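Note that this complex is displayed minus one protein chain, with the remaining chains in position.
Letters are used for the chains, namely A and B, taken in the order the chains are written, and counting of residues starts over at 1 for each.
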Amino acid sequence: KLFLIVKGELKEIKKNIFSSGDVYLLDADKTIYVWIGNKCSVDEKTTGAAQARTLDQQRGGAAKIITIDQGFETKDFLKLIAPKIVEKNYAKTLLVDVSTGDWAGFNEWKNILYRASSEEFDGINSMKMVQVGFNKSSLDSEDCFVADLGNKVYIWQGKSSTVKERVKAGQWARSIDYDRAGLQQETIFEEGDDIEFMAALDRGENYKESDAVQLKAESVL
Amino acid sequence: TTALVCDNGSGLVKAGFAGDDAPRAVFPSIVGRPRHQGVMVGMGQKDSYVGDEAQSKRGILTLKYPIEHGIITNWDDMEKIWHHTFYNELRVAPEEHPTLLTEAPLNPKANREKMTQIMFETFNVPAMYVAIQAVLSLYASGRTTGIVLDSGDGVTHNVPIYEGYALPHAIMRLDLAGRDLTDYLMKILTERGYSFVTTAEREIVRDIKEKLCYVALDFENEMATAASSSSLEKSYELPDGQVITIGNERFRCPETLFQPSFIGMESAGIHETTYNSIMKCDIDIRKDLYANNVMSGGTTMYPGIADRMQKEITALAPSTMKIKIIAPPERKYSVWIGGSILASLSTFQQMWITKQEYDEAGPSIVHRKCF
Partner (left out) sequence: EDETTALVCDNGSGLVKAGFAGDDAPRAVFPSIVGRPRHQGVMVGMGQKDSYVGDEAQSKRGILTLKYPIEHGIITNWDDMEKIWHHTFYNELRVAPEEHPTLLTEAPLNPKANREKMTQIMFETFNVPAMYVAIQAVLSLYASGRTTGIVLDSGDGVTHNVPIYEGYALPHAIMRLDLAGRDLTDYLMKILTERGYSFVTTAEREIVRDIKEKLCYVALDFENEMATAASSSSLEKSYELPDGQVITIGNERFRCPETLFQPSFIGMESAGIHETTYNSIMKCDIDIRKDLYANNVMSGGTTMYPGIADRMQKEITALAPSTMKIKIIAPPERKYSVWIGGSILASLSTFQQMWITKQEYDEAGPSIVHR
């Protein structure tokens, strides 16, 4: 018996057209072969090694499981397929490729920019903060702004704002820190020496730093 | 519904959802308590801190490792950690998500039973499974039989597995790993003039390790090359615009893995422990183990460590052995990856331990489950 590996299940093939971005489980009664393409993904690798253990468990436990990396086939094995047939293509992956960082909201993070203005409401408690566009073009000086960067939180205080506006900006930035695990340090920029603040808008909304070596969950195609 | 995976590592917790290709939440498995007690009154601090916030507030807190050396030893702190993972890091209610935990090799039955008890009675998880870290790493490599070298933050293990089962007579534990390496890099840097006293400066050293250090192929020649030339030096810029030059430290630090004598340990290097474990296995399977040697953990990430391990191992093994060392690029978190894959699989769902079964047979049901 021969099966390509798809998601977690086994799709039966009887044509021995071996591919390089996948994994195939070959069934011989007392020895189970699993062949891992040189260009497949982890899920395809590990589903093979899992399925083989379920099969040997069903079989009372007397079968031997032979893992074999591509290009390294043993004669014992190759003499079951052939009276070199290795293609280049794949069967898909089941993982969802995420990128990650210091906070779990990472791979979907867009940096946010909010505005706070007391001109529209009376009292602090009535005030609200409104998302504006993540761009220098959205900065007025009559009011204050807060940039949620995930890693960090920047505050920009306009010279022509009021105490109430800066108090809301602080409140909101400390709230962001509170509601998101790990520490998100608050940095206040006064209008005038605001180089790094504008520099962050210049890094755009889709800018996030992570270190943490990123990896890709699919064959190379 | 979507299942949860949590690798309770010795120094970092890696948690995330089943199906993702990486742990979404990674944070230090550390809990700090005020050290002068008068700061929970007048300066208004909370009773305990977790992870990043605790380490930041090092200095007014005593930090303790619930899972120092891989085995959980404080269930109050472990509860704080897990609560943080579910509610603060992942932002989910664990009663709606099955939870796969990982355990260190040579974990006591009582330890795993208490883990089980705590998950069900304190977090109301619908179902849970506990797996062995090295086994998830092995499966992730694409293999079911091999020997894993798992080097993490506070403890390092050699683990041999045949057809999916660990061999506890031959499982090897060594109390040297990344954290001792960071400490040693700090010591030998301070022996050149550089000083790291602020909390920031102490985290800088962990960064230098992870970014600049590498494993020398032959320690003698590499030490000589650094002594006679400057080809091997490399520079690291501190925050404050001052720059640091680091030279032989880059490879003296990780060499401790092979020469524990560097930090005053009387013990064996990772190559030797791999050898002693393999020889302590069934005589018929040693060939298969030599040919399938998987490396997992954060401390197996130094460049050129695969080469050095093969060298020292082939020098140890018989002349006629076909030796191969497996270091997949995803090995830092292979454990977690395994859980994520395994929990998503269709064959696995039959193995999930439900709350009903816990109610029926007590906490010992967890022993009666295969991978």
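Just so we're on the same page, a residue touches a chain if its C-beta (ideal position, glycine included) is under 8 Å from a C-beta of that chain, and two chains touch if they have at least 3 such contacts.
A.B. asks: Out of B:199, B:267, B:346 or B:364, which is the one that touches the chain we can't see?
C.D. replies: Considering all chains, including the one not shown, the answer is B:199.
A.B. asks: Among A:17, A:124, A:198 or A:199, which one is in touch with the chain left out?
C.D. replies: Counting the whole complex, the residue in contact with the absent chain is A:124.
A.B. asks: For the chain not shown, which residue from B:242, B:319 or B:320 touches it across the whole complex?
C.D. replies: B:242
A.B. asks: Any idea which of A:47, A:111 or A:157 touches the chain not displayed?
C.D. replies: A:157
A.B. asks: Please output the residues of subunit B touching the missing chain, sorted low to high.
C.D. replies: 42-44, 59-60, 197-199, 240-242
A.B. asks: May I ask you to list the residues on subunit A that touch the chain which is not drawn?
C.D. replies: Spelled out for subunit A, the touching residues are 123-125, 155, 157, 162-164, 166-167, 169-170, 174, 188, 190, 193.
As a convention for this text, only the chains that are shown with their structure count from here on.
A.B. asks: For subunit A and subunit B, let me know how many angstrom lie between their CA-based centres, rounded off.
C.D. replies: Distance between chain centres: 21 Å.
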